[PDB]
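Number of protein chains: 4
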Amino acid sequence: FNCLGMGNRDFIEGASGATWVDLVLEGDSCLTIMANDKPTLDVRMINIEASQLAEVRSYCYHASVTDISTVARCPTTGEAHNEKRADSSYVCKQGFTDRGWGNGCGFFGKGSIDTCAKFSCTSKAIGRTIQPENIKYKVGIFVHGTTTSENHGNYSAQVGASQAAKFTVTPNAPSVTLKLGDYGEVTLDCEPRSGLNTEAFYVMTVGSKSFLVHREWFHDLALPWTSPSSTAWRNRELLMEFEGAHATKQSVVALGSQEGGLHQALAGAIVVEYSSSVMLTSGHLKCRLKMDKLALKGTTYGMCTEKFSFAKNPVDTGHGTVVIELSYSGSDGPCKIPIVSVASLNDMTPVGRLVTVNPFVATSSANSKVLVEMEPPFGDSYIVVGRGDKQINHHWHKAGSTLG
Amino acid sequence: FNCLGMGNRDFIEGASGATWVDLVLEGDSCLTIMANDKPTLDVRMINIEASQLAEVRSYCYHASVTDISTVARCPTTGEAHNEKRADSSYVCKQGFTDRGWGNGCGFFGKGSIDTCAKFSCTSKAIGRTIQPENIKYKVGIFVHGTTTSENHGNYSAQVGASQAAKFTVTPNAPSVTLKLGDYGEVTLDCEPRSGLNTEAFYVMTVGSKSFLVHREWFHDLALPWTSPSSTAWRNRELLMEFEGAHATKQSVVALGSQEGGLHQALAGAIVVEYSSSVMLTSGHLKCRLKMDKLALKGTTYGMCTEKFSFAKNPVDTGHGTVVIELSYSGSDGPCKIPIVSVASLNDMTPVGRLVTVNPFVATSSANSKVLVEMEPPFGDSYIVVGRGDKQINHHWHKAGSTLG
Amino acid sequence: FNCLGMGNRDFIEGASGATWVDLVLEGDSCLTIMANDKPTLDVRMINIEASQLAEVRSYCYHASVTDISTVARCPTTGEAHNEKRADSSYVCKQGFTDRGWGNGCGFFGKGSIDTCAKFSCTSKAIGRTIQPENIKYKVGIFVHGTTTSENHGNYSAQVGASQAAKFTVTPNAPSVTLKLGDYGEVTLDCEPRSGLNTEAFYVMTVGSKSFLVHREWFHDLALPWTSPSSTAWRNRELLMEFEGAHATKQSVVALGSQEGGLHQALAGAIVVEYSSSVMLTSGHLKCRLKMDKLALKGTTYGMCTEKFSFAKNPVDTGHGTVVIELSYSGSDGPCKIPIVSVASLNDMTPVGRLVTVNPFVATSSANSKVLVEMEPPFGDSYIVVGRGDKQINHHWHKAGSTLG
Amino acid sequence: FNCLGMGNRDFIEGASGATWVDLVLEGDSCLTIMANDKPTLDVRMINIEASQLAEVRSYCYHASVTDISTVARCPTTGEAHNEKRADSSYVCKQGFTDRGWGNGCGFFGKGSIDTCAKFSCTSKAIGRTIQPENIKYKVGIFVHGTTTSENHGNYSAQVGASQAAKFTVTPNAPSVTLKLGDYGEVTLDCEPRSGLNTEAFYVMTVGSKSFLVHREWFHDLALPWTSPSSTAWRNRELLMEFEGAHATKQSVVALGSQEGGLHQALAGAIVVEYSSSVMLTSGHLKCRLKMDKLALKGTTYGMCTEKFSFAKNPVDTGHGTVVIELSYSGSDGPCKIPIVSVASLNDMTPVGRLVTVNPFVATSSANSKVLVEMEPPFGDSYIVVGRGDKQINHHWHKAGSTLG
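Protein chains in written order, with my numbering: chain A, 1 to 404; chain B, 1 to 404; chain C, 1 to 404; chain D, 1 to 404.
Heads up, a few of these hints could be off.
Chain copies aren't distinguished; within one or between two, either way the pair holds.
Okay, derived cross-link-like pairs now, BS3-like style, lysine-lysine, Cα gap no bigger than 30 angstroms in a straight line [as the list claims (entries may be wrong)]:
1) 110 x 166
2) 209 x 124
3) 293 x 110
4) 209 x 84
5) 249 x 336
6) 179 x 336
7) 307 x 118
8) 312 x 398
9) 336 x 297
10) 336 x 136
11) 110 x 312
12) 297 x 84
13) 138 x 110
14) 209 x 166
15) 209 x 118
16) 136 x 398
17) 110 x 369
18) 136 x 312
19) 249 x 312
20) 312 x 209
21) 369 x 136
22) 290 x 118
23) 209 x 93
24) 209 x 249
25) 398 x 124
By construction, these hints were calculated from the structure, which means they are not laboratory data.
Can you make the complete structure from the sequences, with help from the hints?
Have a look at this one:
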């Protein structure tokens, strides 16, 4: 639900003195937001849920052809009529067959036939339309408070400490205030109506899969169709072959399923999960994250007085940061972790910066663990933890591409 | 099995003094052969049977993907190996997933994965090749002896009177003599090796249907294949999608059946029935029909002496002939029917001609029926039946297209 | 201008007692109309002329790319601007090139460029629309009066004898009365508005040829376009390739002509001649031909008394008629030609019928020629010309398909 | 001809103690080679020249159709023969036209015609094949001796100082020794036969452009063709339309040029310059560069004693290096430039490394300039130039991606 470890992570820095930041969150992106005097926040799109889908029409890709009958007349006795032309379920076709004395006619020549067969649809793809007002954006937010290697990405654990929440914004309720315990509150003013091209396509369901197809390409589809406004199948003939007629009988058969060809045409189309409501992969939700009522807690606790150790030594996170896990030996917590990223032990001016702002031991229990993410400078530096003569340190070297 | 009534009927006239005629018989054609002093014959291709088909290869159009497993390793610990790479039934694929502290790795970055799945073919199309020496042409022959409206097209009935037979010619036995009772014998010298382009294509079986496809188009088919010379499926990946991998697991699924797309590509291809042997629609069999030992029987019987009547009045057959059915009142048969097609009753010179040459009452039973086909001249003429003062007659007018 | 000899000739027979006949005349068809007590008429569509074509838009299929210039800036000095972006005749494109000390920049990296080139259209296809009210149908009519082998199909010659005319019908003037001398007058009430699908397509001109293209297919054309409502070429880039940029210069070239590809897409499209006005191949003009004021002249002249001869013996015209040319030896004309088509010389009842109704020698000059078309019965008949003991005759036999 | 500034530059490091290095040089790549105790070398592919191209065949894409004639005969008089069927330059076609009395025939029906027209090819595309033994690889080599900002990329200037050469390798002479003055000699053993897929395609020339097309796709081309083995155009009809024949005349015209459609099919095909010989864009030439007889000159000259200055301050080259230009005030040259890249002025241990190994003032003239490229460590360092109390220095900070 938060960012550390994700492939797609971006860092957004609030401008100087600004209590808010503009965000563009997408289906796959995880954003880490850092603003002056604010705890660091992760924000990520979880999903987009469109609920009230309405059918536009259906196409049969697999038809059933049964109950074939042919009525026949001799040459010169007029056109055959098959009484099944009265049943709207049946497809009928006028034809002719060679007749003569050998097959029951007094005259030789073309005898009339009329051949019918029941058409039913075995499998159909249903096209549905999305209404822009029935679109829920679900978003996860995480505050970089105290966490461990083990629990950092554990949602229920972070909810536990008032350090994460999930919430929904809709066109109708595009703004949400959510309290984060002692951190106070953040609001998100989003623009859910300018997030998705809702009506430039349909949701089409084909078997176990559903797609986002063009709504024009969908109309031009060459298959038998039904609408709410036309319950009877039209263009049924597309899925049927009237075979060669002979004497007084004629075969009629349905094509095999056309599903495979649909998945063919549906190559570059987005795939989406559909049950009662559709879940959209692609998100483009703009939001303003407001942090005027968010606070950095723990900024004035006394500094932890006892020794720390590295439970996990620093590793490059691949996001242009470095992360450690500390274990704190003391039982004087809650307390502020003295930690800085410096150029040398002889000069303690902070040159690196913390992503986990204001790292904090939050319990009086001994040996609790605290994960800290930071951005050391390029070249050599040291991570120095602890104060006075309890300090520990670790060298770091941050480099980039080798020669090439 | 014979021609009267068929849509596709041609008339072939033996040349003057010639005891044989060259014939080209095709899948659908019925030939009526008339030669000097010979009874009229119908000859038609019944079918072409290729027996000893040999597989060239098979293509899977519907695959089954099961037993998916993924083995995963952390970044810097090397490439994952999935032990299923040892099973030739499984398709495997190297991949990578984002790993870090959050999903069990001491280091952040791309962790190796190796994902396998069993591939089995649910439905395959089998391509077979025809051997030009294993091709039977089955042919029906009919002699225009005595027949009735009722029995004319009845094979067992004509076999009864020695007036029809069926027979086979092969490359190995391309000539057949067949006795036709008192009519004697006819031989057919055919050229079965110059009848079919046997090796310019394959017989391909797709579900319940079989087709004659190009043997080059068949090689270029993009599907997983097996040969007798390679029992293991190759190019299996064509019917599989390795889905997105995440952490330590990855989905793998088979495409749906591709059958429908095959019937698509198989539009202008010939359809053929295949069980143990294939039956070919298209025939082009050249034969010489030899009639030197065939005779017109009944040419010197006494003329029937009693009255005839028209059981069926003359009708245009649509083949440029006219057909009647006579009933013969006499019991002096077997006897020759006196019948001619003349310009007027005052001039009995034959101007029309008989297709049923030498019509004959073949029994002493009273009231037997005899069908007679003939070609009256254009304009007015008369069909005159009987001799002396027992004669009956019917006017005929033969016209063509109205003004236009 | 009339029918004898044409491939596409139909015969239309006025109904009994009817002074008018409904006609459907098409681009290629020639109609012979026969009505009771009326001279026989030929009617044929000559052409359809749409005049007031209006442009809908134009597409350039061959462009000229000239006067290329590139303006370049060093990395860190900002985006290059090419002053030709002010000229609407020029197409411009922002780019980048590798820069460094070696090519005049204090800094290494991507330097900005801006490259322009003049676009002019060398050859364009112009799409025009037809207005249904500006459509002239030109029609030729011919009356089967006296004609010779030589002059029968000679328009100026028939106009000479008041036996042919040409005339126009428009939506605005859909009815025309035209006098035919002593034959009186015929009127044609046509429906020019229900003759052509005028607005389901455009007239498109590509070089020396013009076509009737879909008006939707025409919009979707992927070429640079101009309208009367937009005089500047849009989508010019379609006919240009901006080549690879290097340092401070970049090549830009036009594609070659696209004309050939248009003729490719224009395969099944109708071809039409366009100059000031378009001439349409396809006609479907409905007319009522009214003959209440048309008369058969010559019906009561005295019968020609002298000998005729066959200047040309009877030949099958291939239209289900037979035509002769007579020479008339007498100088008693104008006079009625006694000619009939009979079953035998011993029975002069007319059984054949004249297409050239009331054949007539129209001059007192000796040895004038008169062409006569007729429809003899099937089988044998005679053409008997002259009266009393001056009569000549010719046998005719009319047959149809040989046996087959 | 050398690398500094190029977009595509790679750095190759000779292995420890190794006097040779394996290189893969490609059409666009520039390689900088650094080996122990050797001057740094740049090596780049300049081009690949295939000379002895042989035609395989030619296709006409633009035909000229002229001198049309039609010979015609009346129905029943037999087939027309056009005497131009004797000229191999003419394309002829049998046809039929409606004939009758109106256009000079005694009989009505289909009259025979035979229509011919001269075919000449206006423009043709010629397909040529490359012989793997006639392929020259041209290669530029540069030694990182003394150079200035101004002359570094100036070939004639570097040849001047024995610091660059160009040379050719062929299948027949795949190895080249080239002397570089006081630097000694380098040899390149290349594998020109394993560099290009010479015979998997043809060189096809279409107007002003030439392409590398498949040699199979080239055979299947549907255009009129000629080979050295068949000087007469075959399949000419592809570029001609025999228009509708009428009476005794028939139009015949050539299609327009097909060139545009070729450039269409030739989208993803490589473009190459062809005159007498072809120049190939794509190179893949493997070479072993041997440096056993190459030496670092100047390694034991006395250190320059006077002051340097920065003529150009250090800039990031975008290749993961930094380059400066020094001006040397002294006139004691030739002399060794003391220059090092250190962590701090208080610790002169070299931590950065020189790409311009052993930088050297090569003249006694005052104020000569010397360019130096180097790779400082990440973070802070200093470039220190000069010895004793004549030293100058410049701070450097090398960083990478900002937070994100």
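Which of the listed hints are broken here? Violated hints: 3, 5, 7, 10, 12, 16, 18, 20, 21, 22 and 25; rest satisfied.
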